[PDB]
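Enquirer: Chain by chain, the residues:
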Amino acid sequence: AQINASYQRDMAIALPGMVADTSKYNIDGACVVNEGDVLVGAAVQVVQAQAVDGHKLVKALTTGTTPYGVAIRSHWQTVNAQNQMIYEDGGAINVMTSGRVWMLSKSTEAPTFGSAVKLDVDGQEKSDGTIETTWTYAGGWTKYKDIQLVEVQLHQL
Amino acid sequence: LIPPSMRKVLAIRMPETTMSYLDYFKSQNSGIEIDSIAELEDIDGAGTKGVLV
Amino acid sequence: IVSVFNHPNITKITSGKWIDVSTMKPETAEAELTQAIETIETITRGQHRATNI
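The listed protein sequences correspond, in order, to chains N, C and B.
In terms of PDB author numbering, the first sequence opens at residue 2 and continues consecutively.
In terms of PDB author numbering, the second sequence opens at residue 214 and continues consecutively.
In terms of PDB author numbering, the third sequence opens at residue 161 and continues consecutively.
Hints are not guaranteed to be accurate.
Unchecked claim - Derived SDA-like pairs (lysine to any residue); straight-line CA-CA distance at most 20 Å:
| no. | chain 1 | residue 1 | chain 2 | residue 2 |
| --- | --- | --- | --- | --- |
| 1 | C | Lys262 | C | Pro216 |
| 2 | N | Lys146 | B | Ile170 |
| 3 | N | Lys144 | N | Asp22 |
| 4 | C | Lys262 | B | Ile203 |
| 5 | C | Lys262 | B | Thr202 |
Unchecked claim - If you want a taste of the chain N side facing chain C, the calculated C-beta under 10 Å gives, among others:
| no. | residue |
| --- | --- |
| 6 | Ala2 |
| 7 | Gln3 |
| 8 | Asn5 |
| 9 | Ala6 |
| 10 | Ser7 |
| 11 | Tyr8 |
| 12 | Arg10 |
| 13 | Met12 |
| 14 | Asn81 |
To be verified - Distance ranges between label pairs, derived from CB positions:
| no. | chain 1 | residue 1 | chain 2 | residue 2 | range |
| --- | --- | --- | --- | --- | --- |
| 15 | N | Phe114 | B | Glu190 | 52 to 62 Å |
| 16 | B | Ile161 | C | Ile250 | 40 to 50 Å |
| 17 | B | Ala191 | C | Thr231 | 14 to 24 Å |
| 18 | C | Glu254 | B | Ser175 | 23 to 33 Å |
| 19 | C | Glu254 | N | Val48 | 12 to 22 Å |
| 20 | B | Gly176 | C | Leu265 | 31 to 41 Å |
| 21 | C | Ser218 | B | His208 | 42 to 52 Å |
| 22 | B | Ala196 | C | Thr261 | 50 to 60 Å |
| 23 | B | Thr211 | C | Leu223 | 15 to 25 Å |
| 24 | B | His208 | N | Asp29 | 41 to 51 Å |
| 25 | N | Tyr26 | B | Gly176 | 50 to 60 Å |
| 26 | C | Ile250 | B | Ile200 | 18 to 28 Å |
To be clear, the hints were calculated from the coordinates, so they are not data collected in a lab.
Cβ atoms here follow ideal geometry from the backbone N, Cα and C, with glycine treated the same way.
Start from the sequences, fold in the hints, and give me the full structure.
Expert: Shown next, in the form of structure tokens:
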């Protein structure tokens, strides 16, 4: 008559800008987007730290600025824009100063384990990026559909 | 257990006397149950198919 | 307004002519129909199967 068939499909490992593991991590609140929009899987910069109140003005990375943290995926704080998850001007942001996270990538070659992480002008991981960062790779290297992701270990500044 | 791609190979008919090879095989080999699973198409990770009896 | 045949995200299969000039090929039709039936399920992973032609 006929032969029955059974299929099998595996889920993706991770999504951009999500906490990779349950190791010791620190997420800092009380940060407001001073200008523009910040992607979830991108670094940020500290424009100003208020001396009395405590809020820290955060902005997307530009040329010649030290990175401070990476945004974190959340289904409540974030706002959907350009078919992506984003943080808008104003409001609060969730940037992690220490831990592991999946980050957006533009490099095409898998990195080594204990090597320093370099970022481009726009705050995305790149093999030959100009900006030098104290953070080191963690070995994770996957790709969701057409988006390349890399796992990076962060340290407190 | 055969891959779900050779399922169209056993569906070819007998030389001249109608019916598929599967019908003759089941008639002369009663008792054996034939099924297909999708895990038998990338056995070595390089594109090698296989059958388990 | 996009027609049925101009939807971007559908499966399209180029075919060898079932009737070349005047000779008719009755063995490519079966192969192409079986391949088209197979693709749907394989891609959908068993949720959807072909019912109409």
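Enquirer: Hint by hint, work out which the structure violates, then give me just those numbers in ascending order.
Expert: The structure breaks hints 13, 14, 19, 21, 22; every other hint is satisfied.
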